[PDB]
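As structure tokens, one chain now follows by itself in the form deposited in one PDB entry.
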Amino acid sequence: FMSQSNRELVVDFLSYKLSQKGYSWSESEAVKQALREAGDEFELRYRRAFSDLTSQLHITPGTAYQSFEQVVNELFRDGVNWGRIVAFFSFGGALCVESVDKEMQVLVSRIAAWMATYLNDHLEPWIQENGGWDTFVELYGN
């Protein structure tokens, strides 16, 4: 029952990041805007780490899930917090841009699904217990 809303948040963020990197293909608005702003701030703060990610990934359709699962499990190893959720969205965004750059566009819809499933199954309980997305908007939005 949460599947569609979590999918909408993931697709809004990924569409935004792909557009920001030059690819125009293929309140809920307050949450989407706060996440876009948080993702931008995160990328500007950790630009070096994105460069290290884009140079060590060697993304292929066969390894993309293994890479996704490895990084996401490491990110949340010590538990969840809002900063790690922002890193999770940012990582997904970076993986999608890298997939399109390497002519592996087929991975974009796959990564969106892996992100929505992880948000649904592992992050949603923490999100609700820590004030919901309205709390996130207060801490990261405007």
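Numbering follows the first chain given and starts at 1. Superpose the two forms; the largest set of C-alphas matching within 1.5 Å is the rigid core. Compared with the form deposited in another entry:
Superposing the two forms on their core leaves just one of 38, 87, 64, 94 with a Cα displacement of at least 2 Å between the two forms, namely 64. Shown in the overlay between the two forms, fitted on the rigid core, is a CA shift at residue 133 of 2 Å or greater. Remark: with the core as the superposition reference, the CA shift of residue 52 between the two forms reaches 2 Å or more. A movement of the C-alpha atom of residue 21 falling short of 2 angstroms is seen between the two forms when the two forms are aligned on their rigid core.
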Contents of the next structure:
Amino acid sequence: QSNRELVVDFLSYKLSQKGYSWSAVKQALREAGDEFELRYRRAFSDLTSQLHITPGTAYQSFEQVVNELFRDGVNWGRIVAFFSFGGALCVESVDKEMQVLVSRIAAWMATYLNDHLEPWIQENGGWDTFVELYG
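How about the form deposited in another entry, since we already have the form deposited in one PDB entry?
One chain, no partners, no other molecules: that is all that follows.
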């Protein structure tokens, strides 16, 4: 349904809100999500220290947890809580996954520099010499 467009709008809203860049009733949902987060996020991290996705997370785990959100009934408030929870999950996941990805590539580059390139750089006057030439 348009449920996915709803989800996508909420997720990109929350992501851009926390300062992540990559380049209808949706409004009411954005605002209710904000309101919820402003009221309840201290009230949700003391037993909610889960935070993070692993690349091998199954949908069934997600389902079980959110199931305990809806165990004794669906109202609009817990739907909002659901969206907010998904958004927090998203923000955290991309945060840490981006840390590890960039860290991996940076580590690789540092390694290659230190093995194959630093000798030459030392026998040619170091980076100083560089900024002289291609400065």
